[PDB]
Amino acid sequence: XXXXXXXXXXXXXXXXXXXXXXXXXXXXXXXXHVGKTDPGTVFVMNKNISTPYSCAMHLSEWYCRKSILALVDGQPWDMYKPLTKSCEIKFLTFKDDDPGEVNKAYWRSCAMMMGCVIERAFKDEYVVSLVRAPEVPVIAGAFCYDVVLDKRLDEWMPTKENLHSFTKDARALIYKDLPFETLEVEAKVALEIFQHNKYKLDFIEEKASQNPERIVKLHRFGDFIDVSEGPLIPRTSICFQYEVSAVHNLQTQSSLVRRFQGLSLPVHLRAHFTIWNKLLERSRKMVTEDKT
Amino acid sequence: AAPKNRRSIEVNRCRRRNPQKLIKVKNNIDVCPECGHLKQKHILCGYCXXXXXXXXXXXXXXXXXXXX
Amino acid sequence: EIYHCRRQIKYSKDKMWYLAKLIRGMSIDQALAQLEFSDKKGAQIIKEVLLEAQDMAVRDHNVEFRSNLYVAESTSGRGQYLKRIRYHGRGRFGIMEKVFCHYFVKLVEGXXXXXXXXXXXXXXXXXXXXXXXX
Amino acid sequence: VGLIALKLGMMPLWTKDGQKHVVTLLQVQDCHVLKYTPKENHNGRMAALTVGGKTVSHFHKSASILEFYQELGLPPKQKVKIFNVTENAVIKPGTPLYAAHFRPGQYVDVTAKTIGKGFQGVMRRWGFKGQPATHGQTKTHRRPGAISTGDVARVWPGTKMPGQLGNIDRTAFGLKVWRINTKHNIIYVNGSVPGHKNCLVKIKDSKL
Amino acid sequence: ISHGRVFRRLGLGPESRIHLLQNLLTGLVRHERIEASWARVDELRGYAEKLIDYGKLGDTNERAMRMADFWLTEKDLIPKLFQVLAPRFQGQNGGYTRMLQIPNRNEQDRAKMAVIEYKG
RNA sequence: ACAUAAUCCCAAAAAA
Ligand SMILES: [Zn+2]
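Residue numbers (my numbering), protein chains in the order written: chain A, 1 to 292; chain B, 1 to 68; chain C, 1 to 134; chain D, 1 to 208; chain E, 1 to 120.
Since the hints were made in silico from the structure, they are not lab data.
A couple of the hints might just be wrong.
As the list claims (entries may be wrong) - Interface residues of chain E toward chain D, partial, derived using beta-carbon atoms under 10 Å: (1) 1; (2) 2; (3) 3; (4) 4.
Claimed, not checked - Here are the simulated DSBU-like pairs of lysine-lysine, each with C-alpha atoms no more than 35 Å apart in a straight line: (5) A:95 x C:21; (6) A:291 x A:207; (7) B:41 x C:83; (8) C:21 x B:4; (9) D:117 x B:26; (10) E:119 x A:36; (11) B:4 x A:168; (12) D:61 x B:41; (13) B:21 x C:47; (14) C:106 x A:47; (15) D:35 x A:160; (16) C:41 x B:41; (17) E:112 x C:98; (18) B:26 x C:83; (19) C:41 x B:21; (20) B:24 x C:21; (21) B:4 x C:98; (22) B:24 x E:119; (23) B:21 x C:40; (24) B:21 x C:98; (25) B:41 x E:75.
By construction, the Cβ of each residue, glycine as well, lies at the ideal position given by its N, Cα and C atoms.
Build out the structure end to end from the sequences listed, making use of the hints.
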């Protein structure tokens, strides 16, 4: 499973390098960024596939480190979202009155993150087998990560120490400080990469083919790749803590589905350890609910 | 009283640096909820308030001059 | 590298050195905020020096990203001394020396990296085993 | 045999004999046994006595503290103290307790924090006489005066000099208990107690 | 010793302290908001609440009248205090004399600055 | 039988 993951990561890196090469082949472009977040700001630079986060860096280190999301021409985008021609750049943060976008992005980042973690733990033991299902976001403050496993994992029970170890590895990758990557790829090469995952194949085939856009955004964290229609968390330093609350088993059309669920911590801030235990209980209860 | 001998450099440095801890640096910096300017924690902004306080002082002086 | 200097300004060197060591190794932003909200006579001056250093960095060196600038080195020298007469009792005059401080600031591009972390167990187990083999 | 208490106040009492007795009141808010630590060389085992205010939980934040309260199943507590138990037969596992544990007529020792006087002169500490306030005495009035002798250069260690006084642990001995109230959790103790009211105190079995 | 003692000193004598309180309260009731040192402000709060309560007692009552005449000598402050400022606080109890902090400091003594203001 | 902490220079030992 290590050779297949290394070959898939090498094929994804070659496809990302080829797409990036063919898209950035012309390095002559005009990027004008003008808008008022704080009072007015006017800047003009020449680059292709320009990053608004680099403009945040251009302003100062403070607004840079406090940058979470980027509102462009009224449309909310990730800070890694490339800009072209004239654009109006606004900096959206958690403390702002509109938590929704950064919240959704946060939950989708947490789902992805564990998408990597579980896989890495499953790369520790060759006995286990993992197949990723689609993820279900919940605006109630929940996120559900769906997956299916080998029969051996169906026979063997998920002891508490296990999930604790998953949490430890999650925090490990959290303080490892690994930057997220944003790739623009065709549905074809993507289909080829996701061939080993049936649910993702069905996802792309059914949903993405109906969509007029053949350009899909692949978010890469470590050796893990995920499909996202929306913004991602800026860095690994943004997420202070993570926890694994509980799992569920659903039976549909004579098929079994294993759904893992947990919670996340915004703006690197926790009130106390008591309210943390309370957050554990709340987490598990929200897992028992399984909102849809 | 009077000093017995001249102070060495080492003693002077160790005395003037370590125990005083120079100037301890905490974080007083917070972003203003209104204008987004950087100001001190647990304190009113120095941008969107001082101008409104000067405008309120000019309005109070104009009202006190119009009432008299 | 971007250098900036201020001479023939009258302030206590020992007092200015307090805010001089304060911004040493620190990034431009944090140093700016600090010097802004730091309370002393050197705060304003070193703030001016830093601001001018940033202006020179942007205009002269044409730096692409301002976030890639940090403070690599800061130092305070002593200039000439102005001798004044302090009148004391019983017909005696003491000498009041008015000092001067020459502030020097050296900036280098790139991200700031400073590690003061040192593992005690690793350093001990290494230095002891290397000293016992020498 | 002993428990941790909280200083309430003082008040006179009238015995049927007609003799006046000045006593102090020690209130018991809450008591719980937390940890039991057995020992060998000391020939005695330690127990944990705890009096909580339950309010301090949020404004006092620590990993070990909160994890201790949570893992032990103990409610939020303000003050955690230890007690040395010599007798191994009377030792019990973690249990909540009441102020009925004390009986009238029993002499007890009271360990509390002495009133802090802050920085104090040579007077009020060692109770020196000082110098005269008259007869040509200049600025020597509250001064300690001479210290050492010409023979020995350095001053002897432990020499009495002005400094910080109070805010330290002290144990008063030979304090008789006239009576106890179980329902109101009040202890009547004849004697004086160290520190101001509302300060944490300790009631223990005396030695007679 | 400072044990259990309100009523601070601030380097002023008793008469100087009382007069300071009267002046700061004069400016406070006149301008409805003032700027002073944090200590003087925090000390001024209670006395302000007291004068307000005295205004809440009664207009016709002699106790309140002579109290108000004692603290405030100015003839301009009293009617504006009783007729205007008092009736709006009628429902409030501890709801007057709010204290806030000022961002910067003086260029001389760097004294911490604070502002006191009544609820509009 | 003299007046700050002991042994007449450490610790001990034994009687070429
Ligand atoms: Zn502001």
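Evaluated hints:
1. 1: For residue 1 (chain E), the interface hint holds, since the closest Cβ of chain D sits about 7 Å away, which is under 10 Å.
2. 2: With Cβ-Cβ at 8 Å, under 10 Å, it holds.
3. 3: At 9 Å from the nearest chain D Cβ, residue 3 (chain E) passes the 10 Å test, so the hint holds.
4. 4: holds (9 Å)
5. A:95 x C:21: holds (33 Å)
6. A:291 x A:207: holds (22 Å)
7. B:41 x C:83: violated (43 Å)
8. C:21 x B:4: At roughly 32 Å apart (the allowed maximum being 35 Å), residue 4 (chain B) and residue 21 (chain C) satisfy the hint.
9. D:117 x B:26: holds (32 Å)
10. E:119 x A:36: holds (34 Å)
11. B:4 x A:168: Roughly 62 Å separates the two Cα atoms, so the pair is violated.
12. D:61 x B:41: holds (21 Å)
13. B:21 x C:47: holds (22 Å)
14. C:106 x A:47: holds (30 Å)
15. D:35 x A:160: holds (26 Å)
16. C:41 x B:41: holds (22 Å)
17. E:112 x C:98: Holds: residue 112 (chain E) and residue 98 (chain C) sit about 29 Å apart, inside 35 Å.
18. B:26 x C:83: violated (39 Å)
19. C:41 x B:21: holds (19 Å)
20. B:24 x C:21: holds (11 Å)
21. B:4 x C:98: holds (27 Å)
22. B:24 x E:119: violated (38 Å)
23. B:21 x C:40: With Cα atoms ~16 Å apart, residue 21 (chain B) and residue 40 (chain C) stay inside 35 Å; holds.
24. B:21 x C:98: holds (26 Å)
25. B:41 x E:75: violated (41 Å)
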